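Here's a solo chain for you in structure tokens, the form solved without its partner chain.
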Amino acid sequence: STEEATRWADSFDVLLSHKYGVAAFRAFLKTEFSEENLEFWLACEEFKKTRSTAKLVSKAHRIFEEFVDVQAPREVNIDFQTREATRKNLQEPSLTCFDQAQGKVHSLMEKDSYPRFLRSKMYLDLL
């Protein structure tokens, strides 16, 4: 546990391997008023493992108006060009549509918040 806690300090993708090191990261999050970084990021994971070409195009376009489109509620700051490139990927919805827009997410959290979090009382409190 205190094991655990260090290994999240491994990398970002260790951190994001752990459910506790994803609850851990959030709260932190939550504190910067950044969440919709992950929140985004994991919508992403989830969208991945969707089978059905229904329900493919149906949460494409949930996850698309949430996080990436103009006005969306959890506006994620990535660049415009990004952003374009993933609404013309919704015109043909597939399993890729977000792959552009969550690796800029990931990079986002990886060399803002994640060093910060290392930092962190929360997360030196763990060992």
Given for the second form:
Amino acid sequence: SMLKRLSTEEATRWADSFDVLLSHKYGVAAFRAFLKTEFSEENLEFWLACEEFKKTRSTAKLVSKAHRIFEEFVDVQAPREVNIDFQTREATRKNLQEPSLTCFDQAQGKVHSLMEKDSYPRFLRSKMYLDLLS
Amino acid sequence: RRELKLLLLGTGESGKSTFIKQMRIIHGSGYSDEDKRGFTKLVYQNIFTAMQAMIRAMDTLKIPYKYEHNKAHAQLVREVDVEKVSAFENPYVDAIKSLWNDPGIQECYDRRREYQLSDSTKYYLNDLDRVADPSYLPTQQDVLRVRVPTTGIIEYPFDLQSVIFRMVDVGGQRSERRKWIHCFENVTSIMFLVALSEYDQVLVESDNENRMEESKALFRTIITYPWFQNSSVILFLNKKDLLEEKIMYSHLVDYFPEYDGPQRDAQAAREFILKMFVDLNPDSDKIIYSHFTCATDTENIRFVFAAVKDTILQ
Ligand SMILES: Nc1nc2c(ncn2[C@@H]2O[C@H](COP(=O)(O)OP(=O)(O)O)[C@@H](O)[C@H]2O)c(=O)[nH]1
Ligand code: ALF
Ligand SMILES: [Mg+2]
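Any chance you could show the form solved in complex with its partner chain after that form solved without its partner chain?
Once more the chain from above appears, this time first in line as the rest of the complex follows.
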């Protein structure tokens, strides 16, 4: 038989791609711990808040939830303001006045991107991640 | 075990993360052939992203293509999701080579200050054959040239024999700046980067605000902070190489009307910029150490590090 260690395999899977990482509950948690040491966890919080906002059924809930999310992550001076460009910010504001399930697609994309190209590769070189391999 | 903390600060796109890469090359573990393969996809993505910007700018600015066949290429290239890009093949290679060659796109590029376009565009676009090669392996210079936006605050230790340097890289956009407080403690020294070439540009973060006015305001703020009264301050006026090019076509006086020096003269221009910065705190007698830098030039950055360590921190 060929031995494979369950934790070694799990952790390795996280390095296949960022989208794989995000579908591993323990991947997300390891990554979140990492973001917090870089003070960039608002990127992941925002992203998660969008995935959840896509699940909404009631139109009533949708409207006010879009406002919460915008006030929280998107607007200039927002308490957890995510690093995005003026256009994406403003396109989001327009979307907000007739809110739908796609309201944050553009912004969620930029943030996804931000994490994927910057934080994720560094996490894969972190001692915290590497210790889980040996 | 003797250890010093150094901040890299500056607005977005000043060259902070490029400094870190150079530390890694000069004093860290460098870039192996395998490391360089990890940058391949990003190179591809920077190329697509840059061409997409120019394509949308063609419309926004109302510049016509000179060659009709290039419209079809633009449709093709615009439809790409850059996130899912992992190879660089025809028809995409030839579309992009062909688009880059259109005098229309070249006008658009010459007018890049009126929208947002990443600085390494020309460097990649002039070398697409090298990059297209089925078995392309990024050079160290390709790696230094790649654009990846930084978010958060990150510490890179580097062992120079005599001392450890704890370098801190930070995101430079407005929203990122609220986090800087987390690295402001026990700072030996600050390396403040400004893009010499950013005089005619506007911020990505906001609507039509000059990028250099922004760096001034930021520099002024940093200098006045009393917890930095005993930290040495080094102002790197970076991207001096891009300045050499841009100064021939974009006049400094059109952005800073106080500039009374000659046109098309990089040296006078950069001296004026330096002067503007040094003149922000007339009431402070604190020292500013400066140097004109090119962050993508290893030799240039090697010197700048030896001098900080050998002169300023001893
Ligand atoms: N030609 C040239 N390119 C530079 C210089 N400094 C930075 N760059 C490039 O400019 C872009 C942004 O630099 P980066 O270090 O990512 O900015 P920051 O970390 O946001 O300050 C990258 O593509 C770098 O390769 C320079 O002095 N000369
Ligand atoms: F714009 Al940056 F690090 F300040 F990518
Ligand atoms: Mg950076």
